[PDB]
Amino acid sequence: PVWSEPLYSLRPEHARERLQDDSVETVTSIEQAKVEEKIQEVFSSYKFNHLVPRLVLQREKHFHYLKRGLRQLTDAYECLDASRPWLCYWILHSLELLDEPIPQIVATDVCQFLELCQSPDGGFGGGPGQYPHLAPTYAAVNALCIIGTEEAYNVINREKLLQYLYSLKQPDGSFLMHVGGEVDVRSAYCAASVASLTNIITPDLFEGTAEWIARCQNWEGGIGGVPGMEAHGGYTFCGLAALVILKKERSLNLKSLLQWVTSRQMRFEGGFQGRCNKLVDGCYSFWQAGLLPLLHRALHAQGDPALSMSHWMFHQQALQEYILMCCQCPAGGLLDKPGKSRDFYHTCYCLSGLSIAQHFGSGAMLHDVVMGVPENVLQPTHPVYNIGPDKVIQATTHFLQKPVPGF
Amino acid sequence: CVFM
Amino acid sequence: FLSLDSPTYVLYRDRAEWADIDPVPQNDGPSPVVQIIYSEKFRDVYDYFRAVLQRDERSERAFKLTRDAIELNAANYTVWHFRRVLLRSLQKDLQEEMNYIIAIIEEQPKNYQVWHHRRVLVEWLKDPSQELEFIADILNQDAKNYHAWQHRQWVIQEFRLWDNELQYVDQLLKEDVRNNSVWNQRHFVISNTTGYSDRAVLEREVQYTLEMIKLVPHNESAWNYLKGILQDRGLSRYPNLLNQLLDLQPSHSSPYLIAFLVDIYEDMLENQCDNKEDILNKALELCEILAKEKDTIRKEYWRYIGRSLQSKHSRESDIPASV
Ligand SMILES: CC(C)=CCC/C(C)=C/CC/C(C)=C/COP(=O)(O)OP(=O)(O)O
Ligand SMILES: [Zn+2]
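Chains as they are written, first to last, in the deposited numbering: chain B, 17 to 423; chain C, 1 to 4; chain A, 55 to 377.
Excised from the complex, chain B in its bound form:
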């Protein structure tokens, strides 16, 4: 009808979703209220301006921001000088989602740059001459797979990579992030991701890893960084995704996990928070919402008959609304929340999350929801690797041609 508002966040009843602090103010409620007030202004902006809302993904703007950043960054990025392969990955993946081609000049330059970052003893460091570390190793491999050329694939020294992973493996099943470094669930996911993509998984490489990851699931249903710690979206994505790669999702109580992640979507804002009682943040559009495609596949693999055949178990529309209305920088790039400055990390994850929210896929069944203008639709992303599903297939197929190091 004429009075009907198609945008969920703008409907009159949506106002009922505002925080109820029970007249007991604490730091948590105060902070939450500030965010909601700020976001309510964004929602109400169309109304106060007397304009018809139009949700447009600023592609040209995002593209310019990305294409330039792929070549040069201001000193604002000095804090990421030990994470350059991540800059390559975040940017290339964002471009891939936006369906922007990667010029062969660019692709070859990225390849050569990543080679310089590759350690003589396996793995990639944060920049040339830096010691190898699992986080930039994961990023570098993903970046090379997005490129997907023979050159890209050939950059990876598979034998040394496997040697590197073994040098980090711990007796309790976990992995250090780097030599003399910390241990947390990120390492399990980073190792499993690169080892699976490059076909270097030996029989004992991940021995005890699934169990170690399962010990990270806590009373909340989610997964913490290490056993005993608070459940967090970043670590939960890492844990579940690694378990999916190792085909051991069953080790987890998938039911409490599903209840936990679904509870992480903010009723008012529409985006996701990283942990209970904290604030909404656009990057969790991926870390948190990305868990739904994973859970759907896990539960479906167990023959769960009650699974929807057209939607993920989260409010796809509300997440898209949050991202499109609150997470776009006018000059290009995406962000955490209104008031935050853009960065390539949030650009990569807000877009990744948007793609997840727009596309439902379950074998033969396929259903899209594209809020706003049709041009808003992005290329799909693989829920485990967060690179194009085609890149995943292409890479795995290619590496399966090689024998697992050792033979």
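Do not rely on the hints blindly, as some may be mistaken.
Stated by the list, open to error - The list that follows gives simulated cross-link-like pairs (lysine-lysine, DSSO-like), each with its CA atoms no further than 27 Å apart: (1) A/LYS348 / A/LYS366; (2) A/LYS346 / A/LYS366; (3) B/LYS271 / A/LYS366; (4) A/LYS228 / A/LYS180; (5) B/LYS54 / B/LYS353; (6) A/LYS164 / B/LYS356; (7) A/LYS146 / A/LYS198; (8) A/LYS330 / B/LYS271; (9) B/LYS264 / B/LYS50; (10) A/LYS330 / A/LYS353; (11) A/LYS336 / A/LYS346; (12) B/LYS185 / A/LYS164; (13) B/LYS271 / A/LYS95; (14) A/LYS348 / B/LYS63; (15) B/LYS356 / A/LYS198; (16) A/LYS118 / A/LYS95; (17) A/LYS330 / B/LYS50; (18) B/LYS353 / A/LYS336; (19) B/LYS54 / A/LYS336; (20) A/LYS268 / B/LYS50; (21) B/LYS50 / B/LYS353; (22) B/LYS54 / A/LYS164; (23) A/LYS348 / B/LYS271; (24) B/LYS356 / B/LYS50; (25) A/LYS164 / A/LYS180; (26) A/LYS198 / B/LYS353; (27) B/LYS418 / B/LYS185; (28) A/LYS366 / B/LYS264; (29) B/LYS353 / A/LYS366; (30) A/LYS118 / B/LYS353; (31) B/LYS185 / A/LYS180; (32) A/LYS353 / A/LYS336; (33) B/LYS54 / A/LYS198; (34) A/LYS346 / A/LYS330; (35) A/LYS164 / B/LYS271; (36) A/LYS198 / B/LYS50; (37) B/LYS54 / A/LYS118; (38) B/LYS63 / A/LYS346.
Hints listed in this document are in silico derivations from the structure and should not be mistaken for laboratory results.
Fit chains C and A with the ligands to the supplied structure of chain B, relying on the hints for placement.
Structure of chains C and A with the ligands alone, referenced to chain B:
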């Protein structure tokens, strides 16, 4: 948030 | 000696005591990608760091240089590793180093390297005496700092410093009963000390949680904790729970109270309760109220729960197709  | 922010700070290339060393520029290749346009100060320190690292110069000057490299990018794990190599080779006083890491963490508390460095120091010294108080100071600035809580759990567990933690948890819960990190710490302390099997402890916990729930019915943390500690043994195993929750319905409702009721029914139906029929309907009704009115952001989840319950608890669920 943080990541590494 | 010379702070990175000192008004009289001088670039390394202009320091006499460094004249013998040729700085090593970054090897970015002929046509760089993601090239960072570093400031003068940054590039100068790092060119000298690259030099000392490359020649593995384990010297006092190299040691002081790492402090600057760290202040420029505390996330540079390669610098932290070299610094730890220097601490051992140069036989540096580790308490002095503890003083240093305390200051660094105070200024950049959301960083993985600084907390890992402090941990290594504590391990080396086998001294946890300053930990709980240090962490408490950080938690006093950000009561939810993830690294702080994780380091705290490690110290407590490794050195068995359980004695006063529940008291600390109670203190923070009083300051902010919505602090999920504190509820998680509460569970950590209890499960590693008395455990929740002890009926007196469980009882105490549930009483406490229900009391917090009454004071702030919309605080999701108390709700998650209550479910967290009872769901293991099975919600149906506690008959009085349901009644008591229904009693809050009038003056303390929330999508949480309703969601919990569904969890209780769900388990009741799982442990073949009486009036299987009556229970299932009560549940599907709440699932609908949730997906349709009280908690629509989770409509896809609630619809799924409704279909799941129906799928295996309807009177027809056990009836053969031909009937
Ligand atoms: C592969 C890989 C490297 C994955 C990383 C995943 C990830 C995002 C982990 C987050 C870890 C963390 C300690 C967040 C808390 O920061 P915070 O307190 O600033 O944020 P918050 O308030 O949202 O919890
Ligand atoms: Zn974020």
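Structure-based check of each hint:
no.	hint	verdict
1	A/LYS348 / A/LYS366	25 Å, holds
2	A/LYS346 / A/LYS366	22 Å, holds
3	B/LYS271 / A/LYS366	16 Å, holds
4	A/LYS228 / A/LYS180	33 Å, violated
5	B/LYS54 / B/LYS353	9 Å, holds
6	A/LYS164 / B/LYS356	17 Å, holds
7	A/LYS146 / A/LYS198	33 Å, violated
8	A/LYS330 / B/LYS271	22 Å, holds
9	B/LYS264 / B/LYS50	41 Å, violated
10	A/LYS330 / A/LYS353	25 Å, holds
11	A/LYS336 / A/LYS346	15 Å, holds
12	B/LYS185 / A/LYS164	25 Å, holds
13	B/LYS271 / A/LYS95	52 Å, violated
14	A/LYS348 / B/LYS63	26 Å, holds
15	B/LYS356 / A/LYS198	20 Å, holds
16	A/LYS118 / A/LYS95	15 Å, holds
17	A/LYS330 / B/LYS50	45 Å, violated
18	B/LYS353 / A/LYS336	39 Å, violated
19	B/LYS54 / A/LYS336	39 Å, violated
20	A/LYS268 / B/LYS50	25 Å, holds
21	B/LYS50 / B/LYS353	12 Å, holds
22	B/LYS54 / A/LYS164	25 Å, holds
23	A/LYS348 / B/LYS271	22 Å, holds
24	B/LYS356 / B/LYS50	14 Å, holds
25	A/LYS164 / A/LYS180	24 Å, holds
26	A/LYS198 / B/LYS353	19 Å, holds
27	B/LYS418 / B/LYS185	23 Å, holds
28	A/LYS366 / B/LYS264	25 Å, holds
29	B/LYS353 / A/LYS366	42 Å, violated
30	A/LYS118 / B/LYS353	39 Å, violated
31	B/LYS185 / A/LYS180	24 Å, holds
32	A/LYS353 / A/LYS336	18 Å, holds
33	B/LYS54 / A/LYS198	22 Å, holds
34	A/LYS346 / A/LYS330	24 Å, holds
35	A/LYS164 / B/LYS271	31 Å, violated
36	A/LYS198 / B/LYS50	18 Å, holds
37	B/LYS54 / A/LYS118	45 Å, violated
38	B/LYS63 / A/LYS346	26 Å, holds
Of the numbered hints stated above, those contradicted by the structure are hints 4, 7, 9, 13, 17, 18, 19, 29, 30, 35 and 37, listed in ascending order.
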